[PDB]
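Participant: Each chain, written out:
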Amino acid sequence: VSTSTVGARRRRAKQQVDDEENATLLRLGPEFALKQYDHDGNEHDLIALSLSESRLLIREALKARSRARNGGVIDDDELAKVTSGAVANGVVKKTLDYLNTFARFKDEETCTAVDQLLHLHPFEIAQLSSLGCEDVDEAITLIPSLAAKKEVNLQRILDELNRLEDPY
Amino acid sequence: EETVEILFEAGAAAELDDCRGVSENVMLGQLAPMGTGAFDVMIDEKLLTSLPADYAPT
Amino acid sequence: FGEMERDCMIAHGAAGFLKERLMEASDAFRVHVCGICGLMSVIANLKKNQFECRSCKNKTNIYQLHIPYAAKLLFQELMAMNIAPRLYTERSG
Amino acid sequence: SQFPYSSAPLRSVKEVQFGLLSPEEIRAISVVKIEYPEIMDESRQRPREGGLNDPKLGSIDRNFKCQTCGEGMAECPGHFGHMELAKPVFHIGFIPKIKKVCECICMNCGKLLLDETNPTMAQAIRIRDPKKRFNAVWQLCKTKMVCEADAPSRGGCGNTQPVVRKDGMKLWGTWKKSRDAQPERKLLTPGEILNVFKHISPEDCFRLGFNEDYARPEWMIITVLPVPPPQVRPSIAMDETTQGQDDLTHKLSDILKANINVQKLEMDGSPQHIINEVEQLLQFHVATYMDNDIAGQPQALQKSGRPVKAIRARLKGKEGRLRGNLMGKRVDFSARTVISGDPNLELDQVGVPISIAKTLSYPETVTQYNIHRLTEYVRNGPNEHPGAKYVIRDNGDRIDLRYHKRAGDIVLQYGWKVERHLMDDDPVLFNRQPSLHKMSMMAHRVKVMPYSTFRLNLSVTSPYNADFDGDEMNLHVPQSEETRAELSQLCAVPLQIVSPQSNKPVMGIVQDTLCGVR
Amino acid sequence: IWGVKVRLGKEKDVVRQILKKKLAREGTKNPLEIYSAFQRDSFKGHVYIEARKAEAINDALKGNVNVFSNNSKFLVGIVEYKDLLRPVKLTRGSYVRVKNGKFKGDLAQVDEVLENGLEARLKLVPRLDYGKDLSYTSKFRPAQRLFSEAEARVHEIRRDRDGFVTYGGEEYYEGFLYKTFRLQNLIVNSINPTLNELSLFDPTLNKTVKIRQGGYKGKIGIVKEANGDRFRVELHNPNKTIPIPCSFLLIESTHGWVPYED
Amino acid sequence: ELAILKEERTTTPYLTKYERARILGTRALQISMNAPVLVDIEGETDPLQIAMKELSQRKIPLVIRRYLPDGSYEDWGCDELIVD
Amino acid sequence: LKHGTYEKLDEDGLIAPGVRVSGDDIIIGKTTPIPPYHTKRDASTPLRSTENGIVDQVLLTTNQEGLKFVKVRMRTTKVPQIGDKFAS
Amino acid sequence: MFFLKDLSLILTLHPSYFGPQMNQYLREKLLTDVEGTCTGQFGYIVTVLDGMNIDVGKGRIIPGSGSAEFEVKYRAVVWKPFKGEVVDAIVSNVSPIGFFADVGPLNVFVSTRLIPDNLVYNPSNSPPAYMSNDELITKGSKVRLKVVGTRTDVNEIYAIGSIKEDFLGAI
Amino acid sequence: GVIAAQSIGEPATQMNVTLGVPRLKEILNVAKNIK
DNA sequence: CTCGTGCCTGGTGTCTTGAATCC
DNA sequence: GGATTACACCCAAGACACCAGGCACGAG
RNA sequence: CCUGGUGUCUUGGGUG
Ligand SMILES: [Mg+2]
Ligand SMILES: [Zn+2]
Ligand SMILES: [Zn+2]
Ligand SMILES: [Zn+2]
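Chains as they are written, first to last, in the authors' numbering: chain A, 3 to 75, 84 to 129, 137 to 185; chain B, 1406 to 1463; chain C, 1130 to 1222; chain D, 2 to 153, 164 to 189, 194 to 533; chain E, 226 to 313, 319 to 365, 383 to 403, 406 to 450, 749 to 809; chain F, 71 to 154; chain G, 885 to 920, 931 to 982; chain H, 1 to 171; chain I, 1067 to 1081, 1095 to 1114.
I should point out that these hints are in silico values taken from the structure, not numbers from a laboratory. Misleading hints may appear alongside valid ones.
Taking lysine-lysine pairs in the PhoX-like style, the calculated list, with each CA pair at most 25 Å apart, reads [as the list claims (entries may be wrong)]:
(1) C:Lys1177 - D:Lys66
(2) D:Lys181 - E:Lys269
(3) D:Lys272 - E:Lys334
(4) E:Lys754 - G:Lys886
(5) A:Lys103 - H:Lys29
(6) G:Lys972 - D:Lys373
(7) E:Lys329 - D:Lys272
(8) A:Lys37 - H:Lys29
(9) E:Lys787 - D:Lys462
(10) D:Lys57 - C:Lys1186
(11) C:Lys1176 - D:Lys66
(12) C:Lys1186 - D:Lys15
Required output: the full structure, derived from the provided sequences and hints.
Facilitator: Here it is, written out as structure tokens:
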């Protein structure tokens, strides 16, 4: 039905088992290669999004479109009624509410601070932001790929994440 | 001519047929790149905008 | 509609007319192909709306074609003699 | 439109990739294994599973749905089976190429007898065309009469190579054992050659002009036979309740019987000289199943005495699949009758008999501008002219107006189609055989007339090389809005007055009118 | 031992002919110097001949019209001799497939064998009609169904024992036919049970019409099609079928041509 | 990429007989499927006639994509091509 | 069964002389039984689709094998018209 | 796991829709057909970016049928989960065979043989929960699980989790 | 292309050096030994 | 009543030796 | 040693054999 | 109360 920029995938003599999606082994399949191409043929890094980025973009896109539907005229339950159809109403409401209960940095002030702090494979950089951690010991266990990289700063990463983190 | 021999030989040497000939497309029943089929026809979205607004798709 | 009548329509450049004569006005047939291996090996249940090329384990990259029935017949006779005619819908160079 | 809706995207064919079917792939697309030559269960209706008419292969009967795709016989393409061979046999089409490969490679390990160190040979691998490269290589290596273990180690085995000769369906290799001594030529069985071919390296596979993904060289030996569905070999009823089988059906039974007897040998009484007679016979049946015009040996015969119609003979010649059904074919919406002249018709008109005009039709789409006009045709029905034969809905269901007794209760919706009778000024393509040049096919405007001949204005007899001594001509009716416009704007008679053949007219004033005008 | 190719089906004849030649020449100055000859059914189209010199093989076959004239004889190895002469089941309670008669192809249980050892009593699902059309072949037989003695009682029978009836001179015990077959008439090897065995074990059309008004008044015809109001009469007089309104017709009935009161 | 800019178009500025026939037929077809017609329809109600009327007034809303041998192409609108 | 009319056959399965026939009308009714009621299959002969005329004469007899055997001769009259061919 | 993907959809347009607001109709048409749907190749398509400004290109007219074919290139927010990815969740159901957890659009099933023995299902408690002493798994409790297997139905995808490993569970 | 083929073939169908059809045949068949 | 012979149906399987030019 | 040898169309005129086994009928 | 299948392979004689 719907297709992408990546095409053909004609048969090759040697098979491959670096295709099976394994986040531990950095296998994201043929569609989510490290170097993608946009609809003009230009080269582009894979766009993986943390929970904090994603909350701003999706909410902005929905209210800008909602304003556009109103000729140019906050709460998650109100923002999800913009969609068309009960099937669409469901997936969008559940995604905001899920993000509403797990996004630490729920505003653009803190988020841009986290944005500048983080901006080396692009997938790992996005993983560190999504999974909250206390110490260096907790990060290399649950995410065993950070082992043999020999470039920490990790502690100051976690300290800034936890300091920017508002109380609850 | 040499109909079957061509096709056996074509198999054994994995020939690729790029379907640019008239005869290729005729026997596969597709519009051949000749005469009225030598070009594509596109819809002029720019010229449609000069029509009045009550003709609009909803 | 013999070989010599085919040539006359080419000379007139009436490509559209020639296509219709040899398909819609005769033995037009719809086949399904696998986007990976290019064979007519798709098993298509249209009321259940489920398609599968078992060889490629592929249920998503599948296309339909309009070809003459006598061409479909030709390819099955070629398959029976171990010749693989793979129909791809895109070029690559 | 005659096809039910399917969500799969519609595309056209841009490339045809030829190649060979691997043994593994044949099994992957097969839906059943074929073992028993008895077609019927026990002559008590319903054909035997695992037999040659196993219902999983498909339906050629209007009342049994396919047990694989669920579709009716019209849509169901048929699905292949497979037949395992007890012993690998040669493909009859590829023997002379197999023979060529033997002189190129080592008959022990299978490596190309020459390297890039040889200057002329290094030039030959650069040749871009696979066929010419393969021939250029073989032209060099032909005279190399020993596979060297050592470079001129290259991976060689040191053995001298035989001179392989073809003797019918058998290949004989004569090895020169190390002046002159005694050489012993033994038979090079398919199984022996099969194992040798699988050990050819990928790098030498490419250099031989073969292709690792599409035409791998051991696939020229047949180990499992694809069983075509019944659509390829339909049954026919000679005198209603008596049906004979297609030549392929009988021939597949013979291969299947012969296959069982090879299994019947290796487990008990094999006097060796019997194994060679039974294996060669399996090779024979598989060969004449594909090609029954093998030079130098008698043809396989039916019990009627006439030769078996092999697959190769199905495709060649004037009546075969290519010249008889694909480069040309029989077509709908055509008509033919004797022609007569009429001076009181315009140059671009053709007089069409009423009876022909009621049989042919054009599917005119219903719009706001003609809906009132088209309803009048519907009330008149198929037997009064000007009338109509069918009303086609957007779903495709046709209403046959011969049998619709409540014809007065039809209301037409926009977008439907009415197949109305042929009517005045419709363009049609007119044609006389033999079509020697492009003005053998010109578009004329219909004028419906009584009596059963086609009428031509006399000045068009010359380009058709027609006269009225018994000649017949053909009429073809375009079936859509796009082709009507193509006929009137490209093929119409007045556009054809001057021909590019000799930059001069091909029509003039003729016969009576020319005599009289002087 | 040499093998020789012979016309299919003529192997026994060639063995016979060789024996006659041998016996006829015994003790003469030109004896046939072969020891034996034989033909194995499993080895179609071959005869084997025992001798010391190849010339004796040619001598044995000279003039034999069943032998291929091509110099096709072949030598057998000593290590292959005994296998040429290898001579080669059936147990009560086991299944076999019948090879002859209306029960051809049917699965049957072996009930017992004759004392002499030739025919075996088989237990079979019957194919009967209960004498329904009496005043059989394998192509015009009946479906299989267990014998029903009450159906036989109703429709057409001798009781012999508990659950045993003789019906039309065949024996049925607990619904099964018990019938003797030659052992050579049953298949005991490589039987494949089937799926089925696993389950078991307008009133004026076409009437003649006269036309009473119009240009065709007085002509005979037949109503070919009567969709509504407009009829299709196949006129007799010219080879044409016309469209005509219903007011114009007279129909034939018991008494003359009657208007639209029929 | 393949598309050639408007200022650098090199193919002939006259409508060819083949382009004309395809344009008339395609536009005719669309009208019979009840596409909005861009000219006044008076007495001439045949699908082909309406399409021929639109052509004569330079009002057919279609673009010709003329393929060149290498695969590149120039898009020409039927509003700008000169019809004899 | 065939699509044409069976109403011109008499009870003996044969049409009688003097009856006009048109295309696809059945003139000889014959059945064949279906092997293993409602057991037979039609094997009847229709008049050629392009013809008409009058049944002129019907021969009934038996052949060398003893089964029944019929011939039906149809006559019509052809009147010259536009398109017919003539020669000195 | 969220990504931004540049996608495209082939749209066929009937000729009766050839009016001055054609593009705006197509923009509405794209959104109705794509938003909220799932595919095994990309995952759930959550929202499309910059919907009212998408450049649809030019439509190819299909020979012989009159209808027009647009290739609408676009950019969307997509959500696909992955095997090996550790994620948080909100439990939707608790049953004798494990629990079901809503991670945004879909639901993940964790079976009993991959749950530690000390977490005991307690129906008598009010409200029902998986309980310990300093642990509390009620509906809405943050839990940390790891996706160990993805199965594809091409309509909705199904992922199976596990809490049979270190540092996974309630927090 | 096709126009060229018909333009040359059609006159041939109605038609001491060799001329007419036998000479035409020598050309297309580019015979090494002409008559 | 039993045995033998003839006819019909079904199943399986081949073989005495006997038009001309061109590439 | 094969492959090449105009196009389309109409219509009338034809079809497995031999051997073995089983069943039925007639005669003794 | 809608759907609705009648053969093939040759050979020979003809038409332009
Ligand atoms: Mg003439
Ligand atoms: Zn595939
Ligand atoms: Zn099927
Ligand atoms: Zn070697």
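Participant: List, from low to high, the hint numbers that the structure doesn't satisfy.
Facilitator: Checked against the structure, the only hint that fails is number 8, while the rest are satisfied.
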